[PDB]
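Asker: Could you build all of it, start to finish, from the sequences and the hints given here?
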Amino acid sequence: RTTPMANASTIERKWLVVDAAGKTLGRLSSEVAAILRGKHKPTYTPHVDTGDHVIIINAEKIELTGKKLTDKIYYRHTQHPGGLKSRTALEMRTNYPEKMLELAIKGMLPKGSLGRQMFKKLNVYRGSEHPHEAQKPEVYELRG
Amino acid sequence: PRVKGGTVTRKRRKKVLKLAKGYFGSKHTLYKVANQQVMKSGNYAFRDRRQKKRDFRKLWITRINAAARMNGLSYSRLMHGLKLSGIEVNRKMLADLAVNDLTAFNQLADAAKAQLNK
Amino acid sequence: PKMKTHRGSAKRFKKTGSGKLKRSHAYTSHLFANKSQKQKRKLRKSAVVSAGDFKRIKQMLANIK
Amino acid sequence: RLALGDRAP
Amino acid sequence: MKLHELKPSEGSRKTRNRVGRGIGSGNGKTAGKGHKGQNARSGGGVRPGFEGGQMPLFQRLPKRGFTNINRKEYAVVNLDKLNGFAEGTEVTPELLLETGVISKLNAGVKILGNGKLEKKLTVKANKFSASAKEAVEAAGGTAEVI
RNA sequence: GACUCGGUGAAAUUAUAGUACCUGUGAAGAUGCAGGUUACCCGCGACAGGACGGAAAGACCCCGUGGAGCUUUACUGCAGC
RNA sequence: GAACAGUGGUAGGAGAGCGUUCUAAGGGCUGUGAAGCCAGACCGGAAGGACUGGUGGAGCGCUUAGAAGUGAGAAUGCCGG
RNA sequence: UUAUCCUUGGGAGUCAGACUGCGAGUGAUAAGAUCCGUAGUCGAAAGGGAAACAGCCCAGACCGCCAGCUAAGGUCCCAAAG
RNA sequence: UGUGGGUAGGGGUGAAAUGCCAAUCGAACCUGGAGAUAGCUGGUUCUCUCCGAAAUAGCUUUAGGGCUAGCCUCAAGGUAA
RNA sequence: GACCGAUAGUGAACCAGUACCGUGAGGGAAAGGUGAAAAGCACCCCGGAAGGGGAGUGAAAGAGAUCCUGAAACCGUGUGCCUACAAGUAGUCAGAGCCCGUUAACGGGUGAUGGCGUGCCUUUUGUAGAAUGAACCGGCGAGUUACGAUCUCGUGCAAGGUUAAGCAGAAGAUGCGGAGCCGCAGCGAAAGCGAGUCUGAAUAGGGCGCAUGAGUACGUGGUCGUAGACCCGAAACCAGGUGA
Ligand SMILES: [K+]
Ligand SMILES: [K+]
Ligand SMILES: [K+]
Ligand SMILES: [K+]
Ligand SMILES: [K+]
Ligand SMILES: [K+]
Ligand SMILES: [K+]
Ligand SMILES: [K+]
Ligand SMILES: [K+]
Ligand SMILES: [K+]
Ligand SMILES: [K+]
Ligand SMILES: [K+]
Ligand SMILES: [K+]
Ligand SMILES: [K+]
Ligand SMILES: [Mg+2]
Ligand SMILES: [Mg+2]
Ligand SMILES: [Mg+2]
Ligand SMILES: [Mg+2]
Ligand SMILES: [Mg+2]
Ligand SMILES: [Mg+2]
Ligand SMILES: [Mg+2]
Ligand SMILES: [Mg+2]
Ligand SMILES: [Mg+2]
Ligand SMILES: [Mg+2]
Ligand SMILES: [Mg+2]
Ligand SMILES: [Mg+2]
Ligand SMILES: [Mg+2]
Ligand SMILES: [Mg+2]
Ligand SMILES: [Mg+2]
Ligand SMILES: [Mg+2]
Ligand SMILES: [Mg+2]
Ligand SMILES: [Mg+2]
Ligand SMILES: [Mg+2]
Ligand SMILES: [Mg+2]
Ligand SMILES: [Mg+2]
Ligand SMILES: [Mg+2]
Ligand SMILES: [Mg+2]
Ligand SMILES: [Mg+2]
Ligand SMILES: [Mg+2]
Ligand SMILES: [Mg+2]
Ligand SMILES: [Mg+2]
Ligand SMILES: [Mg+2]
Ligand SMILES: [Mg+2]
Ligand SMILES: [Mg+2]
Ligand SMILES: [Mg+2]
Ligand SMILES: [Mg+2]
Ligand SMILES: [Mg+2]
Ligand SMILES: [Mg+2]
Ligand SMILES: [Mg+2]
Ligand SMILES: [Mg+2]
Ligand SMILES: [Mg+2]
Ligand SMILES: [Mg+2]
Ligand SMILES: [Mg+2]
Ligand SMILES: [Mg+2]
Ligand SMILES: [Mg+2]
Ligand SMILES: [Mg+2]
Ligand SMILES: [Mg+2]
Ligand SMILES: [Mg+2]
Ligand SMILES: [Mg+2]
Ligand SMILES: [Mg+2]
Ligand SMILES: [Mg+2]
Ligand SMILES: [Mg+2]
Ligand SMILES: [Mg+2]
Ligand SMILES: [Mg+2]
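Chains as they are written, first to last, in the authors' numbering: chain J, 2 to 145; chain Q, 2 to 119; chain 3, 2 to 66; chain 7, 114 to 122; chain L, 1 to 146.
Hints are computed from structural coordinates only; laboratory data are not their basis. Among these hints, one or two may not hold up.
Straight-line Cα separation of at most 27 Å, DSS-like style, residue types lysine-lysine; simulated pairs [stated by the list, open to error]: (1) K5 (chain 3) with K63 (chain L); (2) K12 (chain 3) with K133 (chain L); (3) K104 (chain L) with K5 (chain 3).
Where chain Q lies over chain J, by a calculated footprint (3+ residues, C-beta under 8 Å) [stated by the list, open to error]: (4) 2-16; (5) 34-42.
Every residue, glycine too, gets a C-beta built ideally from N, C-alpha and C.
Answerer: Here it is as structure tokens:
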């Protein structure tokens, strides 16, 4: 019947800049996940990517509550026996702040092919400066 | 009198294989597996004719929420306000306005806001 | 071939007017010292075949008039 | 080829 | 009738049930026999009256009585049947048998006293019930034994 | 022998398969279920951890008022004497 | 025909039907192309049934009734490929 | 208030049950143990929830609908809704 | 070790292993009785509709079988029990 | 002949008790279809030939001997749509794009991507099952028939109903055939009595009957019995033979 469906021809992506400084990792990430998916758009269509591009600046200034800086471990496994490796959140934020944000958001996106495509619209930067001036990105202020 | 098997068997089986057109490999070719897949397709299609109604309502709700939040309402508050104002326009129609006639959607949303602010 | 009557049953049952089966009672052979007169008086009289038994055996007496 | 077999007595 | 428009009486003929011809019929697969055990087997089932080894009812109960070689069965005729004859008729076994009042003679005619006899008759029979003899004589007739 | 080229060309097996890993779940030991993690498409030489791999309707064990061979102061018979 | 109520289902009971071969009686079709086979986006609540075209080259439907070697996906089924 | 109930006759199948809650035994007041009693569900029950998960919670699928209201369970993102 | 012969299955033959008696041996092979029997396993073919269990008691050389009862179904009654 | 029609019907439609197997007794197949007629393809061409391409014959040769039809599995050639970042019981529902155009229908093919989703069968308390069965496709492959019993339904006749063998007659219907069978009366072990009877000393009480009336012949259907009795399957047993 009549429910409109977005498609490649119809879709128009904005670029947005989110400042991570002073934001809680998960609270910021949940909002950004929703923007990359396109959940803020009335033309949201579940089988295409209706989301916007997001730049995150000041990734190393992201905050964590509690004792998470010391106590949140990022595990990975190399698929070699005994190959569990770990970094603390402090080690992550100091030396891999872009990965830290990318992991949080990646875990909040849908998991298959379109989800993987949705992640490609994210761009995370350690500093205050991003290289995407030519895309003319607007500041997006995170809601509650 | 003797009744040979005759032609009934292949006529019946041919019909199943015709319903299996476009299935992968042996599933469009061999009766026993085509028959299992056509049967399974029936159970799925029955289930999915029910799910379809759940899925579209989910989609409309998502779009109404997006349009609502562009007017400073959550979907929940909007739907509460529309019910208080007496408006019975359904989710399929609200979501259609949200996409196709957003000014109209905003009038309905403004009607809802009025009732909530009372 | 014709159904054969069960000859053991034919020697023990009789068809009544309404198609019940009349029978004798068990416990009427010996050991009368161990049974009271009341029991002996009652076991002396004939009885009828039960519904459950009748359905089990009716065909075995089909030929009997 | 075994003397008894699998899970022998 | 016409041989091209034959039609059986309604309710005179049913279609036979054919078991083991698919699931839709309701007797596919196990053909209405359920699952396993002696009753589902070809040639299966215990013999009639068998109670799985509990002493069968007939064997628990005593044999009773004997059969008389010289048992006589009479063709019984009640008074109501004699009422069908004409008045002043000499009713005999041969007439009863010829008219179809009795099918088989057996050991003889016996007259029994069920029903009422209005008509006067000379009934010749092998036996009478005391009632029947009285009733024949009361109607004016005669109950000769033959 | 294997391997490469030329000639010739079987077999056991086989529900259909686009046939990862971990932890879990489940008829209680999962390629196929869940959540994650990982992975471009197609081969060739190799190795056997798994497919409770193949092979043989488990010989063990139990069950069948199933057999057969054997024994004897089991029962009933028979030959012989 | 209205109203009201109901319509998950294994073993299993009950009912109504579909289709197959043969027979009888009507009635028909067919070398201006039968059955069979192939294809299709048609029709019926199901079993199933048509129509059109192709192949085929001589037989075959329909109606009503009768009679059954009357319907297969499984039997480590049998035979062939 | 509800529509069952009984009799007679035709035809069966079943006689491996499972878990859950509650009341007992056996056990070690072990067992997804065993054995009774009692209710439920599965068996023979699809749908929603409990990640997945016969037997738990919610609830009984004649079909169709791109309508609506709710149950358990939920409403930051995966994932519908604070 | 050759050739020609002999012993035959409730039987032969055995320097004894139940060994051997035509790739068969705790009793050869073939045909027949014979479609032996199988309370066991496997399998049992079109559709839709109405209704819809049991996994219990009793007895059983009985315990994975059976029978009667219980629970299902169809019909006819009684009728409102 | 309401028997078979080439996996059927004989084992055998055919040079079949053959071939083949076995020392022997013995076991024991597969295998039908050119065309109306051979008119069975002169001749030419490639090729050693096989086999083709023409030409002829013929209604047809895509009827050319592996010769009526010619399904499926399986093997190929071509190409409209899709496909080399993807985790797949393979579908289903949602869905752009591209390619088409029908039994004209809110059409057909393909399918980026999204949601959901552990084959079928058997057997089980419970199987996606790491239980069982099936390589695939095709054909064949399992509650039958006879005679009895019983119940329901139908029909005929009805306190009656009905004939068997046989004879005549199409291998028929049917006519004849009443011997016999069931029913109309039961009760009792029996003699016997009889709307009652048996028990009993009993005009008692009680049991079974009556009063409270339908059967019988035939047919269809359900189920039972006797037969292999729904199909397939032992190990074994016995008889007569064949083998050193
Ligand atoms: K049955
Ligand atoms: K299992
Ligand atoms: K291996
Ligand atoms: K045709
Ligand atoms: K098979
Ligand atoms: K309990
Ligand atoms: K010996
Ligand atoms: K043959
Ligand atoms: K899909
Ligand atoms: K196994
Ligand atoms: K009396
Ligand atoms: K009648
Ligand atoms: K019958
Ligand atoms: K039978
Ligand atoms: Mg998901
Ligand atoms: Mg067949
Ligand atoms: Mg005595
Ligand atoms: Mg039935
Ligand atoms: Mg059933
Ligand atoms: Mg089946
Ligand atoms: Mg079975
Ligand atoms: Mg049974
Ligand atoms: Mg499960
Ligand atoms: Mg577990
Ligand atoms: Mg596991
Ligand atoms: Mg597996
Ligand atoms: Mg193995
Ligand atoms: Mg395997
Ligand atoms: Mg075994
Ligand atoms: Mg051994
Ligand atoms: Mg329902
Ligand atoms: Mg034909
Ligand atoms: Mg058949
Ligand atoms: Mg097959
Ligand atoms: Mg229990
Ligand atoms: Mg337990
Ligand atoms: Mg069961
Ligand atoms: Mg229930
Ligand atoms: Mg359920
Ligand atoms: Mg779920
Ligand atoms: Mg299940
Ligand atoms: Mg949401
Ligand atoms: Mg030897
Ligand atoms: Mg015999
Ligand atoms: Mg019901
Ligand atoms: Mg059982
Ligand atoms: Mg047993
Ligand atoms: Mg019973
Ligand atoms: Mg024929
Ligand atoms: Mg042929
Ligand atoms: Mg033949
Ligand atoms: Mg020879
Ligand atoms: Mg042709
Ligand atoms: Mg011809
Ligand atoms: Mg041909
Ligand atoms: Mg990647
Ligand atoms: Mg790609
Ligand atoms: Mg997974
Ligand atoms: Mg088990
Ligand atoms: Mg098994
Ligand atoms: Mg297998
Ligand atoms: Mg012996
Ligand atoms: Mg000799
Ligand atoms: Mg010699």
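Asker: Would you mind marking each hint as holding or not holding in the structure?
Answerer: Do the hints match the structure? See the list:
1. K5 (chain 3) with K63 (chain L): Given pair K5 (chain 3), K63 (chain L) holds - Cα atoms ~19 Å apart, limit 27 Å.
2. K12 (chain 3) with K133 (chain L): violated, 37 Å
3. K104 (chain L) with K5 (chain 3): Holds, at roughly 26 Å.
4. 2-16: Answer holds; 3 residues pass the 8 Å Cβ test.
5. 34-42: Held - the stretch 34-42 of chain J has 3 residues with a Cβ nearer than 8 Å to chain Q, which meets the minimum of three.
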